[PDB]
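Based on these hints, arrange chains A, C and D with the ligands on the given structure of chain B.
4 protein chains.
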Amino acid sequence: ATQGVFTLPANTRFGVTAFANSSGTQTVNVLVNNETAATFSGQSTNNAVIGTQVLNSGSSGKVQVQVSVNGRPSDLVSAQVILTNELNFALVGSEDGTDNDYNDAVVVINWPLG
Amino acid sequence: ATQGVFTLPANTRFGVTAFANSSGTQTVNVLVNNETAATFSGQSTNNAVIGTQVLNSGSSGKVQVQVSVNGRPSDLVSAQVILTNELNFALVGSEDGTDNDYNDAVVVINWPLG
Amino acid sequence: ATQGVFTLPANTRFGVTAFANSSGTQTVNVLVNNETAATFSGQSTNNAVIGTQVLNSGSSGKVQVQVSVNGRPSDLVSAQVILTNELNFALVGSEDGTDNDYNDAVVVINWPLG
Amino acid sequence: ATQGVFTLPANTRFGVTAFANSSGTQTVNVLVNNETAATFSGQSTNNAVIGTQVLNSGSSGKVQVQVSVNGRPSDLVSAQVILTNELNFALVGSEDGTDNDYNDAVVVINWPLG
Ligand SMILES: C[C@@H]1O[C@@H](S[C@@H]2O[C@H](CO)[C@H](O)[C@H](O)[C@H]2O)[C@@H](O)[C@H](O)[C@@H]1O
Ligand SMILES: C[C@@H]1O[C@@H](S[C@@H]2O[C@H](CO)[C@H](O)[C@H](O)[C@H]2O)[C@@H](O)[C@H](O)[C@@H]1O
Ligand SMILES: C[C@@H]1O[C@@H](S[C@@H]2O[C@H](CO)[C@H](O)[C@H](O)[C@H]2O)[C@@H](O)[C@H](O)[C@@H]1O
Ligand SMILES: C[C@@H]1O[C@@H](S[C@@H]2O[C@H](CO)[C@H](O)[C@H](O)[C@H]2O)[C@@H](O)[C@H](O)[C@@H]1O
Ligand SMILES: [Ca+2]
Ligand SMILES: [Ca+2]
Ligand SMILES: [Ca+2]
Ligand SMILES: [Ca+2]
Ligand SMILES: [Ca+2]
Ligand SMILES: [Ca+2]
Ligand SMILES: [Ca+2]
Ligand SMILES: [Ca+2]
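Protein sequences appear in the order of chains B, A, C and D. Heads up: the first sequence begins at 1 in the entry's author numbering, then just goes up one per residue. Heads up: the second sequence begins at 1 in the entry's author numbering, then just goes up one per residue. Heads up: the third sequence begins at 1 in the entry's author numbering, then just goes up one per residue. Heads up: the fourth sequence begins at 1 in the entry's author numbering, then just goes up one per residue.
One chain only, chain B, in its complex shape:
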């Protein structure tokens, strides 16, 4: 099944944050309506934040997270969770190797903001 794709409400501000837990450098791309809206790159084995940004979901609401290490696409796992019918999290895990911890890059998208 496709993973790392989420339909947000249109024209909404949202936060995107990425963490790294790998000896490899993680590159995280966030596409909005199929155009790169944020790119984070960094390396950590201690859950360091490698980037955070505020974005707007635009007219489509379509947000996609992609992860690669040295040009190789990581395998993704994802889900969206809504608390009290208001607070939204779109969560992404990624695996760059063999151990299947799926934490190599971790991406959290939250809305609403403000």
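Careful: at least some of the hints might be erroneous.
It does not matter which identical chain is meant; a pair holds if it fits inside one copy or across any two.
To be verified - Only pairs whose alpha carbons sit at most 20 Å apart, straight line, appear in this in silico SDA-like list of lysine to any residue:
(1) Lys62 <-> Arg72
(2) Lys62 <-> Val49
(3) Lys62 <-> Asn29
(4) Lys62 <-> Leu113
(5) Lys62 <-> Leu31
(6) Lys62 <-> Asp99
(7) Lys62 <-> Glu86
(8) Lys62 <-> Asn100
(9) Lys62 <-> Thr39
(10) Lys62 <-> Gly24
(11) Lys62 <-> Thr45
(12) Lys62 <-> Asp101
(13) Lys62 <-> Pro9
(14) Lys62 <-> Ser44
(15) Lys62 <-> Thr36
(16) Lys62 <-> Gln43
(17) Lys62 <-> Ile82
(18) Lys62 <-> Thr25
(19) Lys62 <-> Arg13
Derived from the structure by calculation, the hints contain no laboratory data.
Below, chains A, C and D with the ligands without anything else, positioned relative to chain B:
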């Protein structure tokens, strides 16, 4: 129902990151085994990371998130989500006022790390 | 925080299924746009399905689950989870006593159907 | 990533319920410790509950959901969510064709019971 309390696997490192979306200064307290392990404070209406730390769940695995604004306990909502039977997120939202956006402080706990 | 309230897409069919795990008879009311759309009652300590129905979300898409036992409203816990940006689950547990298993009635809403 | 596989606490009762939303006959198999513990089959475009059962997770606690149509394995999606640190749902969707609604068989596992 109790919110913002999670049983993690014992003796496990976990990430805890807090975001602010409110006029009010948010104070996030993270307890492990009922003892304060981290305190974040900050103010933003643009989802600024007001703190991020790596902690250990210790022998109990009992982790609790509290949020207060100027001393007043915020109302919490929470859940845990597990992807591919491996990647864990504990999520907390909090409301300091009347608008019920539940984003005033947002706390994300993730494990495993490394 | 309010629990047991979910905003579905408007004019969309959804499944609702209730399960009981208590010595007391459980009454589950499902409201659509603030009007009773279905009512289920049953007693089980073995997770028996005490009711199932297909309903329409109507123009608001607002769906509310209420649970009571012998007249007394149960304490509710809820969340919505979306998998592969497509498959929606609205989940409710409820507590009628002191043991805090929150399974005394369990209500599962799923969409889309067909 | 592996989908439809869940680690439960050992020797615990859980409910499993399957729903169908397809013109094809769905076969849902539930494995405990890699052995078939329940089987449900049926065809519905209206969210019929094609089966519900109470099982015991056994000594491993490993539970797996498999779905097929006419012997062809369906693509699965899954997650686990925990409410008030107590109430557990393991959720599975499955796709038998090309439209990617992932609702063709839906399976929900809940614990604890009683
Ligand atoms: C620490 C370790 O990092 C990787 S495994 C690691 O990946 C790099 C990528 O550049 C090299 O291929 C090494 O040969 C590999 O050992 C993570 O997948 C793993 O979970 C762990 O965090
Ligand atoms: C921007 C706004 O912030 C608060 S409402 C705000 O709360 C502060 C708390 O110190 C004072 O009560 C102000 O008088 C209030 O208006 C959030 O609850 C709200 O969601 C929004 O982010
Ligand atoms: C078996 C038991 O059922 C209840 S406790 C039970 O509640 C009924 C009403 O539902 C009466 O108040 C009795 O006096 C109580 O003992 C559940 O709360 C519990 O989890 C367990 O399933
Ligand atoms: C109603 C429809 O059913 C299938 S698509 C459907 O699958 C059967 C399987 O036996 C045949 O291949 C038909 O030729 C196909 O049209 C679902 O995938 C779809 O979501 C929808 O529920
Ligand atoms: Ca890895
Ligand atoms: Ca890793
Ligand atoms: Ca607020
Ligand atoms: Ca706010
Ligand atoms: Ca109870
Ligand atoms: Ca009970
Ligand atoms: Ca389908
Ligand atoms: Ca279908």
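For each hint, the structure was consulted:
1. Neither within a single protomer nor between protomers do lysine 62 and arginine 72 lie at most 20 Å apart by alpha-carbon distance, with minima of 23 Å and 31 Å respectively.
2. Proximity of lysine 62 to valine 49 under the C-alpha cut-off of 20 Å is found in neither arrangement, the shortest distances being 24 Å within a copy and 24 Å between copies.
3. In this assembly of identical chains, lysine 62 and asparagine 29 lie within 20 Å of each other by CA distance solely inside one copy; the values are 14 Å within and 34 Å between copies.
4. Proximity of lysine 62 to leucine 113 under the C-alpha cut-off of 20 Å is restricted to the intra-copy arrangement: shortest distance 17 Å within a copy versus 23 Å between copies.
5. In this homomeric assembly, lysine 62 and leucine 31 come within 20 Å of each other (Cα to Cα) only inside a single copy, at 8 Å, whereas the closest approach across copies is 31 Å.
6. Only between protomers do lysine 62 and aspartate 99 lie at most 20 Å apart by alpha-carbon distance; the minimum there is 18 Å, versus 31 Å within a single protomer.
7. For the identical chains of this complex, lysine 62 and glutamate 86 are neighbours both inside a copy (19 Å) and across copies (13 Å), given an alpha-carbon limit of 20 Å.
8. Proximity of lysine 62 to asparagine 100 under the C-alpha cut-off of 20 Å is restricted to the inter-copy arrangement: shortest distance 17 Å between copies versus 27 Å within a copy.
9. Proximity of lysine 62 to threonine 39 under the C-alpha cut-off of 20 Å is restricted to the intra-copy arrangement: shortest distance 16 Å within a copy versus 35 Å between copies.
10. In this assembly of identical chains, the alpha carbons of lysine 62 and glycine 24 never lie at most 20 Å apart, being 28 Å within a copy and 31 Å across copies at closest.
11. In this assembly of identical chains, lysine 62 and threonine 45 lie within 20 Å of each other by CA distance neither inside one copy nor across copies; the values are 30 Å within and 23 Å between.
12. Taking the shortest alpha-carbon separations for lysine 62 and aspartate 101, only the inter-copy value of 17 Å comes in at or below 20 Å, while the best intra-copy value is 27 Å.
13. Taking the closest pair of Cα atoms, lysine 62 and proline 9 come within 20 Å of each other both inside a single copy (9 Å) and across two copies (17 Å).
14. Taking CA atoms no more than 20 Å apart as the test, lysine 62 paired with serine 44 passes in neither setting, with 29 Å inside one copy and 26 Å between copies.
15. Within a single copy, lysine 62 and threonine 36 get their C-alpha atoms as close as 12 Å, which meets the 20 Å cut-off; across copies the closest is 34 Å, which misses it.
16. For a Cα distance limit of 20 Å, the shortest separation of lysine 62 from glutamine 43 qualifies neither inside one copy, at 27 Å, nor across copies, at 29 Å.
17. Taking the shortest Cα distances, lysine 62 and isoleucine 82 sit within 20 Å of each other both inside one copy (17 Å) and across copies (15 Å).
18. Taking the shortest alpha-carbon separations for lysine 62 and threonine 25, neither the intra-copy value of 26 Å nor the inter-copy value of 32 Å comes in at or below 20 Å.
19. In the homo-oligomer, the alpha carbons of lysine 62 and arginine 13 lie at most 20 Å apart inside one protomer (12 Å), although the nearest pairing across protomers, at 23 Å, exceeds that limit.
In terms of the numbered hints stated before, the structure departs from hints 1, 2, 10, 11, 14, 16 and 18, listed from lowest to highest.
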